[PDB]
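The chain that follows stands alone, in the form solved without pyridine-3,4-diamine, written as structure tokens.
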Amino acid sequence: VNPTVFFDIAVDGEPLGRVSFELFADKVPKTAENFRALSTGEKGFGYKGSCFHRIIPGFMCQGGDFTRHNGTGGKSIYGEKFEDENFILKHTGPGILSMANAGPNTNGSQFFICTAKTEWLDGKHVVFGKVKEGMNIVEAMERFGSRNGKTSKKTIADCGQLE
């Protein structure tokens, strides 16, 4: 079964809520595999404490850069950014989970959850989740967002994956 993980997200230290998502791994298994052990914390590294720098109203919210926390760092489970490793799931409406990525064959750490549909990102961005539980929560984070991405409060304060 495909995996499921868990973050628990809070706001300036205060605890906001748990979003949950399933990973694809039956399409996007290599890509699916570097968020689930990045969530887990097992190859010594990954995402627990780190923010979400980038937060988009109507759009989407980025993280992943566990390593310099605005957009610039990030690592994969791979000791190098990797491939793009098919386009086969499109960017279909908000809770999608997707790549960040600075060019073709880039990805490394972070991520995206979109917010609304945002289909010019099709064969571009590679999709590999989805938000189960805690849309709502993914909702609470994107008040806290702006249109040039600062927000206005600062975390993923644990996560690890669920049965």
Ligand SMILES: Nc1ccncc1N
Contents of the next structure:
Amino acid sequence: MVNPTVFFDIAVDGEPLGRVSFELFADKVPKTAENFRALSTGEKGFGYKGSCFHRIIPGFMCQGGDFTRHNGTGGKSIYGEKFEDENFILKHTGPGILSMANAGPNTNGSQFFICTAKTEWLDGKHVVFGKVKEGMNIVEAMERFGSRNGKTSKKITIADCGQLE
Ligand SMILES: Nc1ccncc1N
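Show the form deposited with pyridine-3,4-diamine bound, please, because up to now only the form solved without pyridine-3,4-diamine has appeared in this conversation.
Complete assembly follows, chain above in first position.
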């Protein structure tokens, strides 16, 4: 009944930075929310722990969740390699929105991005499924390590993750 909360503990070249928590909108996109939750706890035997934010563009987004190829070309969901666009109820309204990365229609896996700006042009193309709850300051600190082409100046990892409550 209550939307679940998940956390990432972020590190910068192995050094602790801080914690980002997220509300996942299971009320509106239950299948997509449950994939991110499960990958956060690692309860299926695979997931986000130890992975990196491989593409950070200041004034755009922070993208991560490729735990199979580590560079934007991999990932897999708890449902199989790919799963369908669940719905497009929610929009890309501004910083802190959590949304699925993809490579065409119905190609969701494990990759996701945290917006750091409104990204309206993505509405009806990428599934929105959550938002940052606490630690937007930490997301802003992450964003300082990115670049225009998305290469990070230090390695940004999820040192730990899981579910709160
Ligand atoms: N397989 C993928 C490739 C690029 N972006 C997202 C996904 N899911």
